[PDB]
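The chain below stands alone and is given as structure tokens, in the form solved without coenzyme A.
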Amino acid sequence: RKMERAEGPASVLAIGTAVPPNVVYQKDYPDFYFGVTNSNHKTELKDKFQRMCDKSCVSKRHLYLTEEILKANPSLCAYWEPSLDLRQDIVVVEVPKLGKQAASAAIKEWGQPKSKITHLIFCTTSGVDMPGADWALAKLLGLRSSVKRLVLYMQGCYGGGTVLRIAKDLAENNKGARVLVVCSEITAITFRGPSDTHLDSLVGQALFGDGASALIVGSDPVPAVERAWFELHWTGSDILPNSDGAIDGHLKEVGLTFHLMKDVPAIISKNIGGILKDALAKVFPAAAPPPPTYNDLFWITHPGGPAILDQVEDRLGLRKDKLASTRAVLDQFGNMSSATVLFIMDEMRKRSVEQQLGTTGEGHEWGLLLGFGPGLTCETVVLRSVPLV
């Protein structure tokens, strides 16, 4: 074995998050959005957007785009104007910058020198470039020039599951490997004025927020030195049936465009049960303990929108508190595409410590992280919490 492998399960050793400082409260967003977009005359479209914000279960979002920046760049306040080069010029800089802040927080918590990072995974849905956001972050952080990089572009909302699926193999197959995992998303790539012709983009305007999350992932944490918070034990990916074109996203000259052509909440909720039952049967095979019930698992679920959570919770018969951590992040940050599930992982561990629960997963031993995105792709990670004190 020319490259020695690790022994234990890939583990989350630290989590950091960062958001743009500018906050927009959802109560204010219909007026802010329709004002800066010169569309207050579209009165029926505006009250349809008000209705979507009222139901969004989003209280606030952090956004790079300010009224000042928008007014300085009127092609972003239009609906279908050529804009991509200006959007790129923003996000190729600011997506790695936001990721740097999250990464620096994770490194600080981890406590080891940054040169012990051996691998980097950078995931984003916001902009593309060569060299990529992985290179830029490595430069911003001053990582070793030999760090093994991977940039995951154009992933979308399942990408938080994807980066864990990859990081698990990198950490487990390389003795001593410490994988910096960063998801960073800035809505300047997709923001546009409203129209009555594509109401998909309206839903995105009510839900999408900005943010970055960063993990240190590694196997065999050094006792009394490093601290594990969650363990990755099983991963799965699925293309849901009858979902072709349920979520499309195209990088056009007018920027990134967002399309919903099927009932995404229905497709996810009708199929998720079979996926989870299958995944749990793999992790807990009869030959042996039976799998925990859904209510005895902890839940880190991508909140694509409230209707996905409501229908999943209804179809699976989840007790109402199971999705609390997930909905708290939706409430305070909106849908941050691939970064969102790592914000929920952070929220859950911090609540568990704060409330002196027995484990980092709200007192439960086993848990599920679920990403949903274009495909329709479902990423399933079965996690183990870590006992607290």
The other form holds:
Number of protein chains: 2
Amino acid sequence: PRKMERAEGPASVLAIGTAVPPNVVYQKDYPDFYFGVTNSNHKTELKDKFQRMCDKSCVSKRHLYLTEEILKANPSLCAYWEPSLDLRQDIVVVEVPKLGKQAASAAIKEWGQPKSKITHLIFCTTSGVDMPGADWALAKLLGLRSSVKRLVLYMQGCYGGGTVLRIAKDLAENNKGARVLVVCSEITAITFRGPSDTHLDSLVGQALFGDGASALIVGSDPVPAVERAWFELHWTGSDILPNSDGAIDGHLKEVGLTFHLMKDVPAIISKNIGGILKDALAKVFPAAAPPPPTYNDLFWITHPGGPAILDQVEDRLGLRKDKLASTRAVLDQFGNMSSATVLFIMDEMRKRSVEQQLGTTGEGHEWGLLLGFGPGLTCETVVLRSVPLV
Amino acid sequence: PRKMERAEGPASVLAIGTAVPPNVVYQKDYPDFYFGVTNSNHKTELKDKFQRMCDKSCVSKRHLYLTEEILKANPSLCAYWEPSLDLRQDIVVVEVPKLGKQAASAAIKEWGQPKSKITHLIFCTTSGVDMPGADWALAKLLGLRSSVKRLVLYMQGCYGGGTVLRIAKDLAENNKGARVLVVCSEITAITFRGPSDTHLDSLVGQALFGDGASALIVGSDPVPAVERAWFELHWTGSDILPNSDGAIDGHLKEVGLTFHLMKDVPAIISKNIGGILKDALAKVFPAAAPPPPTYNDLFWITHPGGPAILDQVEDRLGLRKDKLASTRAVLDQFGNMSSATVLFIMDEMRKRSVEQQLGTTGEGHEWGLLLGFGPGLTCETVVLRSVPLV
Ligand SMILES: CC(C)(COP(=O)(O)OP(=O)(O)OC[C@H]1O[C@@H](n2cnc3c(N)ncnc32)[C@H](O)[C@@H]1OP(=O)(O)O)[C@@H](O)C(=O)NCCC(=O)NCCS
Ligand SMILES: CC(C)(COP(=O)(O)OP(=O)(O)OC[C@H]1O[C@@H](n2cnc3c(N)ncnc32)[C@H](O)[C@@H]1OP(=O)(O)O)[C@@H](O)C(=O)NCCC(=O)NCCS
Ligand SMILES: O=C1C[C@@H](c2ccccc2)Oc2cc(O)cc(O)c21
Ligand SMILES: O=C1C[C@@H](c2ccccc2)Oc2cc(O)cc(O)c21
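Complement to the form solved without coenzyme A: the form solved in complex with coenzyme A:
First the chain shown before, then all remaining chains and molecules of the complex.
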């Protein structure tokens, strides 16, 4: 007879909303723009290198808070190593919760229930820190009840989409009637800086990173015919990959957030992911019983840290060429939105499945994988179940 | 049949370790020390106001990472408003997880099981941010399994001790066999700065804030005659207090972490806490059945934001004067250690109960309250149950 009753069924995604800044930057135009606005067009070697990163980035466009106008008004962001944290913070402490509020309103509207049924909130970002935090600012913007149980996950990085689901699963499953608002909001004004020929990992981030926020309603036991489940969370795992110490570092310095990235990240991920997944699926489908579905029969929501990561994972695991299609669509249209990205991909996948009348929310497959990769090198693994359609 | 099995009994504290820097700073000595090492002794009126805050702080001693030698070596910490974040970060990014490791090892030794049985980690701090985070640095220092499920709660503030329990409860209860390492580690090198007569709320921080780390092993279903429970978590609540907007703010700026404290913080807390506790207790002990214990028959683990908070809460709720004794002993010998403090108090309470042979780990009372207060103004409430002794 618990003092807090728990729930029975699996934690379920009941709604997804997304939001991007309205300023669209087409990748074809970005090297000219990026090197002009940072007064670096004379470094023609650096620029050619940046052109080829952009050429191969498999990003067609990104949505960016930073405009030409904001940049020319704030010269310290356009240089490479100028003190700038205070200005960066003044921006993202406001704009990260605001972008997340746009995404949350769309999730709440789809869900169909008054916002006061939201009992828990998880706010995740890599863009700025403050007290009270982005979670508090978001609850204020939305008018959530004063007793919402909040949690702010700061300085996470690109694995954070997996992390928020790992935690939300337990909040929803162990609290009867709990409805968890889950927000990932990322804005690149925290990292944007000029180019330097000695910091070529930061140049990569300028080719790939973009802005966005996504929002879920996560809860167990959806009310039949009133609430709608779209995916279920069944198994989570977290791994620090071997021999990955310092593969991806990020430091919050007086020049803003600095990004450090080793060239063997794709090899480290692609060469270890198979064991991680094979173990995950063995836990979920033990013999004592159906064997795990094959990789080609699972749906795939993979953090697209970069095209080389996706290509090398696809190659090492022998995935048919269409398995990463939803993943690659989101990267093409929004770039790498750090922790938010996987949820755009989740939303992209379910929307396509409805549109093309596939049999389930997961492109017609029953089971699936959501993977996030970030500093650690940390790999978050969430085994998902789709929900049948019509 | 769940793909991840859950646990049955209440999340229980199975061990507690604590760790403080070796440098002890007697409050009698502190005004002379602080104004001397910050070259402010000419500020006669400022210093006397600071003497009065110390005289009254009900803090006798604090443990501090910063020493006179370190301060004289790094003059930007002794000025009031100098660029210093990179220096501070370089310190606490290392020292915060290092201090958390001493407390963790002590908790693990007490618990008695091999460190590899730790499945989950929650690291809470208000001092510094990094990627990978302090959670990852701690796991590395300890040699935890590569698949430990980690969470870093950055920039929490003084309510963090309640927040970690609220989260560890669900991690422990929803995952069969899960053992959660909970660490709160706080080091004032991130905020320490010289005095100024235009920023006197920050002066208050100089009178009250100390350094410390505490660590818990939290798990459901302790193995009988093998593991030992000291407190059980049964009910959690979180609240933004009314008309408290901006009462407690902190920003990570290029001069380091900055502290803003309104003078009505004790009024805000003491005038609203009764309704919060009455609501909580009504939820835990509903009529439909025993009534809730009186405040005086509860044990009290209260974050000592300062003596005026404790005194006004004690006055508003009509608490017998012995109720906040364990709480006040920790403030006296350690200061306000932000998120770590309530766990020192919890450690103090169980150690006294055992030493004096009371009937339970909660000073002879069955039920109790842990409260944390911080930015928001956020109130975290955890209804605890004690365990009977011998
Ligand atoms: C876009 C790159 C980004 C794709 O391009 P590619 O297929 O490697 O194309 P190329 O091999 O021509 O590489 C182009 C340039 O990128 C540079 N580059 C790639 N990765 C780099 C890194 N981590 N640091 C510095 N420079 C790098 C290369 O040195 C090369 O320069 P060069 O033309 O002067 O040799 C690709 O390497 C990738 O997808 N990387 C993954 C991103 C990642 O590391 N993790 C994301 C984490 S959250
Ligand atoms: C130690 C102070 C810290 C206790 O002192 P006190 O008993 O109120 O003593 P006094 O009222 O004489 O105050 C002493 C001085 O502190 C000053 N002071 C107290 N709180 C202050 C604040 N938040 N900002 C600025 N000054 C403050 C008073 O104005 C007074 O100055 P004066 O002597 O020049 O008039 C007390 O106000 C307290 O405990 N407050 C709680 C601190 C807090 O907010 N903690 C929760 C935290 S994040
Ligand atoms: O350098 C930062 C940038 C940040 C981001 C991306 C997009 C939008 C806003 C912020 O994402 C990261 C993820 C990492 O795993 C490591 C990082 O060092 C970063
Ligand atoms: O300014 C910081 C200081 C930090 C701390 C305290 C002790 C040791 C290390 C760090 O605690 C805080 C708590 C708050 O509720 C608000 C704050 O602004 C702070």
